[PDB]
Amino acid sequence: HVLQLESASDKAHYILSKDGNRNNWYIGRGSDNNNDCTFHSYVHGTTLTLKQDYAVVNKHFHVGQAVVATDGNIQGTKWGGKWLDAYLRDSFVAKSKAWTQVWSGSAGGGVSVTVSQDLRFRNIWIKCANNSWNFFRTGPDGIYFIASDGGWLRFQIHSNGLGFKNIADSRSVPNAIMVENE
Amino acid sequence: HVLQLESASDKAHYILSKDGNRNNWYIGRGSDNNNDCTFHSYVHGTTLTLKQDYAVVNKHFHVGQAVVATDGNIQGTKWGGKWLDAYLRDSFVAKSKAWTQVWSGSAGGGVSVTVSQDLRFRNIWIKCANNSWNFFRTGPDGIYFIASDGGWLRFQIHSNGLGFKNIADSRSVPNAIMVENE
Amino acid sequence: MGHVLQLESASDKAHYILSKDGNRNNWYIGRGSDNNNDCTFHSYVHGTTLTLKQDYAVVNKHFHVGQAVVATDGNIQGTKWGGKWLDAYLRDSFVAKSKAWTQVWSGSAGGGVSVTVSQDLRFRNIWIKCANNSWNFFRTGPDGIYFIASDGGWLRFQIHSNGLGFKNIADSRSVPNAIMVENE
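Protein chains in written order, with my numbering: chain A, 1 to 182; chain B, 183 to 364; chain C, 365 to 548.
Derived from the structure by calculation, the hints contain no laboratory data. Each statement offered as a hint is correct.
Have a look at the derived ranges for each label pair, beta carbon to beta carbon: (1) A:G81 / B:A358: 31 to 41 Å; (2) A:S9 / B:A268: 42 to 52 Å; (3) B:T259 / A:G151: 54 to 64 Å; (4) B:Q247 / C:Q467: 37 to 47 Å.
Heads up, incomplete: computed chain A residues facing chain B, CB under 10 Å, no partners named: (5) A12; (6) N24; (7) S41; (8) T47; (9) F61; (10) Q65; (11) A66; (12) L88; (13) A94; (14) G142; (15) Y144; (16) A147; (17) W152.
Just so you know, even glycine gets a beta-carbon here, dropped at the ideal spot from N, CA and C.
Can you make the complete structure from the sequences, with help from the hints?
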């Protein structure tokens, strides 16, 4: 009930398979003075090693068809087939604590301007009178109102978030827009 | 120092254990013309394979007591014993970029209404005068103010977020409330 | 079958390959125990083990994939997470759904008056109480000048000193007396 392999103290002992003259795979204690135990394909160069404080495989690791990658990323059906890094980015609001100017100029009553970021469901700050930032969080394309410094601004988000239009304002003309980074 | 297994080129070579007449487990290169090396239980049908570009197990994979599931979900004490998908959902604000109406009507000064979701710590838009949406983010049940289109609205979130009351308004009567999806 | 290394045992009895160096049990592979079909690759010296069981495979210690690590508490470390553990990457990268708030200042700051607040208020959700006992919401950006038509009239305020300073620049009948912040 035991196939007994015996070597001298601290000497290698492993099972080696060769097909033809080719080293194919091995399992066991591959080196003298080293107690790591390895299961290795020479042909694939793919390895599992039992080491002192952990086990390791040297390439990506599949669990069924889910994948644990060598960079620590995970892919599987639970993440909608995405890698986890992308699932997270798409799924949850980023704590960037940074903003970006998407537009600068002057947009009086009736004037529509155009930006290269989708402004829908974003945190924005609009600068109108008195060199202050007026906060707003947009929903989808639509009509919004803010009692911005100077008086007030009624504005429209249109064109799938790329259009920003001053519908009407009372002494509160937008001259800059920042957006919180995603 | 080596147990040497030798085969013809590209022929299977493996070690097979049988208990009585039952195939029980094997290790090695299980098939001709295929360099994949496998450690397999025939009884359990549970397998580790070393392949060209990855190593793979065919069922859920435990690391101590933590679990990496075949769908890519992970369970562990670091996630409070939850699966990671649920930890994430519970822990972080959802980037849903979508909204839902929670009430529609007319709530003049003093009028209280029931809303369809708990509005505490939520992103909301209230429509009052002039067909525009006024943004607000609520905290707990309490008293809030917004200089909404038309003038202003002092409002109350009550009844564990299920009640919305117009305390007072100046020419700014609410008629619709949207909430950002969670 | 003459070119397979065949290990044959009685039904439901252990059979494994054991390697010993000198007198020391060093490693084994196979069916370690009677009446039990679990198959194990184990180092006796390291005490590190892989086991194939009925419904799962298991390693008994942290498991590395290249240099990435899946720990026994379910945490993951890797270059994708900036070399951080995923728990910290998540905490640092994404907005907490805390649904709770904390008071960061209480007092009375009229026009021109500046106060110290107890948290960095940059890129935070805050609520300022001015006139009429109501909360006025604002989300801040970095240090800078901001405006809110808060209950009473309006308030132009400044976040300064790396988020630790709050100054009433000017107000119209809307003097701040308390500020709450959403918990991170």
